[PDB]
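Only one protein chain is missing from this complex, and each of the others stays in its spot.
For clarity, chains are labelled A, B, C and D in written order, and residue numbers in each chain start from 1.
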């Protein structure tokens, strides 16, 4: 007798957890301000997440971003040949960049003055400089050191403790003098969006309109980027939450299912163990009150106006898909305020999340019911 | 004995409901005036639903539609900095557009003069103006307000209650004066179709020929849009309705199936419980008479001329696909009048829909039979 | 005992029906003269069915076909506004075309002088004229009437019974005068194929070489259309006929299968009930004799030369696919005459079809056997 | 007892037949000289089978091949109209071509002087001339006769027995005089491959390098066709043969499988019936001797050097795929000689095929064993 009650309690808890997970998935409001963008050219790339003013942008990519890469002035026999003094036990390589707070220091050992060793140490630094070796032809090799993109990453190199390695790797970017040689010079990205000039370090421009991120593969002219509203994710989330509510109420009805029996007959095992439970009735009444919104500033106060209606017998909400789509498309802000609102007290999603959290909160009605049952 | 009769009644009701659903799906008549269109270029897009004169249109997209977007004249330190007086408790922002009946008013609070707050309020208005923030570079920000497409949506902005915010957001489009600056100027879409000039607000042109909707991604010249008649949807609907009628008559024959038995033997359960019933015979006779169309203006006076013939033993219709396709292709209006007609009195589909609805209507022969049986 | 005989007779009848159906599918000889075509450009489209001289055609599409479409000289307030006298009870619209035997007459009612009503009536005519409405802008509407393609479809319009509608819709194409206005003027399609000029009405040219149908989407110059022989359909049909014969012979062998048993044992049910039957032996002997052709003018007299040989024990044909492909590719007309010939007495497919039909014909040996068994 | 022995003999024979089939599939050596080609342009097409010198060919398609097609000088009313004398019972049409050994003769009947009849007869000739009918417009028709590609197929036509048909179809290509008229003039294909000029009749060039076949869809300039070595087919065949040998030895071990039993116990039915058989041991010893190649001129004497090693317990070969690929890629000729060689006495595949055919041939060890068993 009590085992069936405990099993019903566990099933109800599992269903409530699933419904809470679905509602939490619905909670985030970035889906309502969802846009989709496209461009005429295949060079420019566009990505929009939220907060994008739907419209048309004439995006001109007047420039791309180049890193800085430097190379030695001397070719060598191979990689393993020594490029510095072997009598010196240790030495330091110092690289100064305007965009870093403190200079970069690399410690080099006694016999590790081979281009392979220098390259491995510098690539192990992992602070915006990367090393490579260039094989021009047979019996020729060069060392190449590269920065990241932007004029804030031009670099000035010096060596302390050694003199030959300082005769090799010393470069001064501020004075444009050094023992290395410049391969690739650093530049900034520059574009024009709807009459506003935008400058960036890299080629991933993110706040020309705040909310739209561009990618500059090639220089383009008068490329049209069109951004439109979108709610397919919004409607999919709405239907997912509706189906989760349907599953939850179906589980509640099954746990509260009662089968008519003849007088004097034995109790059927098909009967739900949650018949006449105060917690179930309280939770269902709270959710039903959540259905008819109060305190919202939206024009539509209920999804009955939106088009979602709950059948009494089945307990499953049925969606008027076309009318819901019309409501979402015509007035986005009204639906968003109805479901989200300020996010603290108003908004159907917000209030339902708060109510379900309170129901599942510690020392709540569920915890008290469990304590009473286990007592 | 009576339980079998009730089961047969329920099965007949379900079969008739399915047939009525299929017939109602068939009832929609725009499928006969179905066309399909295509263009030479991939810039112009075309969509045709109904009422399109099949032919060739030389469509020149001489212009596209631009919205209006405005921006402030001052750059600021960040978003959260205040842009208006803090001693003022509340204020009003008024936007006047020719295409709206009443002006747009936005209420701004005391400490909410930050570009984020203004942007959120204006995007919450949801009346054809959208707000965004532009990050030119580090320690630079702009506010951008955008309209919709068309010269009917140019806007004039003023502020009541505050003076700094009025020194910021006030624009006058009629006089081309203001405190903001124009980024994108509004224009109308203009195209030429078969020698007729068409002007629109947006870039979705819908009534150049009434029934064909164009989409203007790029300016195109002498693009050929060819529109041809189509009946694949029509023939698919015809086959679907015929197969639904086949299923209906198969269910009827099963419910009226009589198996030969030796005299004096018990009643077989395989025998349909609907044997010798007036309702079934009356409905079948009515449908059969509906097949023999009367009063239609079409040249073909019967659906048998089309090519679909009903087998006597099975009762399920078989379609001569080639002859039906020939009839549909050669004379579309004749077939449409034969099946649809004026939509009130004549037409095979219209007569059949009316008859089946009357059979399934409340207080009809089926409801009377149910009342008699349940009594 | 006799039940097994009847079952075997029915199985043989079904197998013979299937073989006859497959042979009838094989009978048609258009597959032997099968070609496949292609073009260099994607504007021109090509379709070849039969009787096409394989080769190369330099096809120049010097012109396309334009229909004729006319429009009114006056714009109106809307569709529902009346266009003619309301006191007149009925009136007639007459359209004369050179390509039609009798003029087109449309009857218009008393209060049905709205552009919607005229448009619906003319589209209901369904005689090569279609009606549409054009919305230039707000509070502007036009009526447009369109013909089909070709100079044989230019039309002359008049109205009898009414004077205002005659002031609206009257056009004279012969004199180029009227109350309507010309939008699209009619032209003929003109192309050049292998030095021969071809003229057509529409843009579907079908007899430049008799057997090849072109489609003219855009004007093209020196497009090369290459047409080659093809027998993949012929090969697949040959395989299908061979497999059908294999199935038929397997069914015959099963119905004539005899299982060795010890003397004095009972008759096995595995034994075919068609053992020692005159009709079955006669049919099999006829098929075996017609396997090798007599009276054919082809160099090869049997498919044993071609490569298809019947196994002794199983009786199912096995195909030497490589040798059959070689025979088909090297000599097409020889194999065609060998299978088809004149189509009356010679040709293996034709005379086999005749023999099988005579076997299955009414009052034939099969029907006589059925009558004798049922007697 | 003997039934199990016969079943084991049959299973061994089936396994040996399958292994022999796999070895015969492996036998052909064209897989070792396998190349793959590609081109820069999509006009030129390339196909390589064997014997192709891997490298780069600059192929210039300076010309394509045109057939010859002729047409009559008179247009007619239709096809069924007679084009020749009806009093003449029969007549001859003679076509002479330089590329044919004997002239082409067509016999025409009394009333068969219709363009349809002439066309059908000439298409029935099937000797490089094909007939077609051209419908210029209404009440106009032409007859067109076409050759194949190459200047060796220009044709000269005359008629014996009739005068009108000779006034119609007589053409002289040598003197460029006739009653027909030329539509398409015959030309030869000309291309340049790696500085060598190649001339052909058709547009399928096959021996510019002997082993590479080109296809000339359009005139191309400086198209680079690169041909590289390939062994994916070779390695796949090697794996297939190795797995076939694995299956064969697995079957042998199953038929020679022995299970240990306790003293005094009954013989296990899981034991193979081929335990201690002279034929099996002899065949396996011969195969293992073939594994250790002798007389080969290759640097490698065994696939153990290549990477394929035979496990003792399972008896199935295990392949070092990486090492086998290395061996195949580095030295193709060495592996080819090791497996194939001259194809008569040396080569592992050759010797294995000879040994297996000798084992499975009539009067062989298996046939002798079966004869002894039947004795």
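Criterion: contacts are C-beta pairs under 8 Å (C-beta built on N, C-alpha and C of every residue); 3 or more make two chains touch, one makes a residue touch a chain.
A.B. asks: So which of D:178, D:211, D:307 or D:364 would be touching the chain we can't see?
C.D. replies: D:211
A.B. asks: I'm checking contacts with the chain that's been left out. Which of D:198, D:365 or D:369 qualifies?
C.D. replies: D:198
A.B. asks: Looking at D:170, D:334, D:360 or D:365, which residue reaches the missing chain?
C.D. replies: Checking each option in D:170, D:334, D:360 or D:365, the one touching the absent chain turns out to be D:334.
A.B. asks: Touching the hidden chain in the complete assembly: which of A:183, A:279, A:353 or A:360 does that?
C.D. replies: The one listed residue touching the chain not shown is A:183.
A.B. asks: Footprint of the hidden chain on chain A, which residues?
C.D. replies: 66-67, 69, 71, 123-126, 130-137, 142, 144, 146, 183-184, 217-218
A.B. asks: For chain D, enumerate the residues touching the unshown chain of the complex.
C.D. replies: These residues touch the chain not displayed: 33, 40, 51-56, 194-199, 207-211, 331-334, 337.
The criterion applied here is as follows: only the chains that are shown with their structure count from here on.
A.B. asks: Quick check for you: after a Cα superposition of chain A on chain B, what is the rotation angle, between 0 and 180°, in steps of 5?
C.D. replies: About 70 degrees of rotation relates the two copies.
A.B. asks: Measuring centre to centre with CA averages, how many angstrom lie between chain A and chain C?
C.D. replies: Between these chains, centre-to-centre, one finds 58 Å.
A.B. asks: Taking the mean of the CA coordinates per chain, how far is chain B from chain C in Å?
C.D. replies: 36
A.B. asks: If you connect every pair of chains that touch, what shape comes out? Choose line, ring, star, complete or other.
C.D. replies: Chain contacts: open path, no cycle.
A.B. asks: What are all the chain pairs that meet the touch criterion?
C.D. replies: In this structure, the chains touch in these pairs: A-B, B-C, C-D.
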